[PDB]
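The chain below stands alone and is given as structure tokens, in the form deposited without its partner chain.
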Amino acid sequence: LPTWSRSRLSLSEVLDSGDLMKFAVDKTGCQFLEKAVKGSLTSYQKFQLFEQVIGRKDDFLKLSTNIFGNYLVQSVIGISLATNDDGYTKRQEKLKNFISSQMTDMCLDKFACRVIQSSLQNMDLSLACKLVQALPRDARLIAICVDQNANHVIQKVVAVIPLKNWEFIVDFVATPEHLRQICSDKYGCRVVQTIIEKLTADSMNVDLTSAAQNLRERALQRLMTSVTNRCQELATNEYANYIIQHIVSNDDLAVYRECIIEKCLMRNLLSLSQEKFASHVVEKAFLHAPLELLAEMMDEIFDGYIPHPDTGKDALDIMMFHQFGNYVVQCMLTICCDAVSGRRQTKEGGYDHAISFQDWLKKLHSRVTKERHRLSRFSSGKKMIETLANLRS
């Protein structure tokens, strides 16, 4: 802090001194400015703030990447946008040019990415769209998606910019090798998740024109083709299993839920049920499958696999006592008890499938009855016994 600067200090003093940049990167100095710029500003105070804070590229970049300064930058941007005077256009154009030119570097900065984010939602839409065009289209875009901070720029784009402007991001991410890298990442998955939700024709998109719905659909199909083509890899992955679960769980993605079940899960239920990550996906599939697929799933567990040649152990034996598989059997049982007890719809496709649920329940009850002694050794076993006991009444 400059020598000449103690409480009861004026904003004009700071602005006139030429020492703003020193205040803005200081904890106490920036604390002062942040409070001062909330008050009533005259035209000239605003003019000076515009010039010193967002007027020259280097100082703007210096403050934007600063732990304290980035807040002041955001406040002054807000004030610039609220001041519809004659210099309005030149200021917003300049701000767009500054960020545009250092896009990647600002995205990857812990503090500057915050400046990018408030600019995206606050700037006039037409100028915010130009910021989006400045996103990199190479390895650097993956870098942004997998960064714990930068990924939020992409999420903000998805939230507040119309799809046409970021369609290149959808196609970039659907590129097989990009999808593999991004979906194998903790933060990269969050980016794909938010895109999927934006691209879903849910109650949140009813404000779209039909042309915009058509655009949304194409982008959805292109992304989902890539997702379903790598479904096996994604369903079993530590991070991307959550995405597959979301797709299977969401009624508004019903057709993709079915694609996944048919071409990924079916015939692999026994093995997937024994995976740490995929076992959760299998549960979701049971919970949300349409009746016809559900019947195939059940039939696969009860009679899809040949029992062990020596011991006579079947798929259901393995699963009941497996560290992860036991949760799938509990899920199967709970579905059946919910159906038979009315807690779950049994009609679907014009028909009441109650008889099928009773069928599957009887099988499970017969198995649990015969194995009650071994099952009572385990928490899962006791849970199933109790589930069945609570049903009788």
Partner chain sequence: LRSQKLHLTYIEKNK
Contents of the next structure:
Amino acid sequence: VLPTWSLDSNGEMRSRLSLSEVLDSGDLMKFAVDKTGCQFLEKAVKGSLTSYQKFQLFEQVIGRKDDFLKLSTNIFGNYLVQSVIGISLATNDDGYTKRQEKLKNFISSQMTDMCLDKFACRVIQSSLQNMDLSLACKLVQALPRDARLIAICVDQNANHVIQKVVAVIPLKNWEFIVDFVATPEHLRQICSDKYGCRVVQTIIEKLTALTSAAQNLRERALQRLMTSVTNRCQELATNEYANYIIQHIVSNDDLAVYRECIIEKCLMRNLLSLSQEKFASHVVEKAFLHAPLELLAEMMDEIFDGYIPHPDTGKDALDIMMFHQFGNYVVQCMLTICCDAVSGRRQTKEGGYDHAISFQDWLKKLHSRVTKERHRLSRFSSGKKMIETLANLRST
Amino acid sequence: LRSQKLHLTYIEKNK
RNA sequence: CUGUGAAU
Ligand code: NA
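Would you mind generating the form solved in complex with its partner chain now that we have the form deposited without its partner chain?
Every chain and every other molecule in the complex is listed next, the one we just looked at coming first.
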């Protein structure tokens, strides 16, 4: 692949080559797609470069559209493209304007194709981070607004472009992404994706973390996304990937109003069923761990006295969860909460009133059930941990 | 540990 | 190790 003039007598690339010899040869495209040749160019562009050496790099790497795309989509050449882009942004000569303008036109015309490429998406991410904000926003304007935005959110490579936009681009320029994902036909299919749920979570985290107009923009975008999530949180909480979205909302104190809505309208009256779900049981745990004490008392009361026992065996909701493959983790969560509160590791005061007696009452009911079923529980690692948890508390 | 989900009839808060 | 999540 390498040109013959650059090879030694054995056929390998000549050691100690000058960067100027590669630039003046017209064979840079061969070096940039070769593992050894591109490692050479990567180190060369790290040192000091003359004025014309920079111009030669600008023209041969990011100056011609077809060569720029070929290197951006190459396993090796994409590193050189990012380096030359960085050098181009750090060189404030007279040609600075026309260079970034041509770079913008190259990326914008092939935005989606580069986003979905394993290597070209790195060029886009490094561009968004380092370019002029005015030029980086024009890359954002090249993102598709139609159904092709689904492909970008759920793609293994392109999803990292969206998350980079969320991190460094002002919300005004990517509010259309919030509107798109919040649409009912798009929320469940993106939140339930392995990579799309990372996009949604990153959007929520950014909208949670200037002017009153900027705050109004941030609040209305978060409100729209939260409304869509709460409207489908039952399907999202039981989902393999979307359950992380519900957990993050319940676990975030800055989203308190939405946590109580999820607890009030989705988890209440369904605690026994959701505790036996592979994915929703993690959501029930987070709800127990972060619910306000008034709602936490209603969750406790539902497990203890909210279900009619089995007319034959007499086992209630606590019995079913305690011996379920997933429900047992919810019971362990309730016990740990009560033991932490009694021993002074969890908050029991709200409104200037100490609710420690409520945690003592729930602890008594949990402790009495573990005692009643200690024979069976001592054969399970989950039962052993409940027994050990109560043993530590009675040591004190 | 059980793998199948078991349901019990819900009881309203005011009942 | 009794139970789930990102591209050189
Ligand atoms: Na575990």
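For the two forms, the rigid core is made up of the largest set of C-alpha atoms that agree within 1.5 Å on superposition. Numbering follows the first chain given and starts at 1.
Chemist: If you fit the rigid core and then compare C-alpha positions between the two forms, only one of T311, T225, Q133, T89 moves by 2 Å or more. Name it.
Modeler: It is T311.
Chemist: If you line up the core, how far does the Cα of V157 move between the two forms, in Å?
Modeler: Value for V157 between the two forms: 0.5 Å of C-alpha shift.
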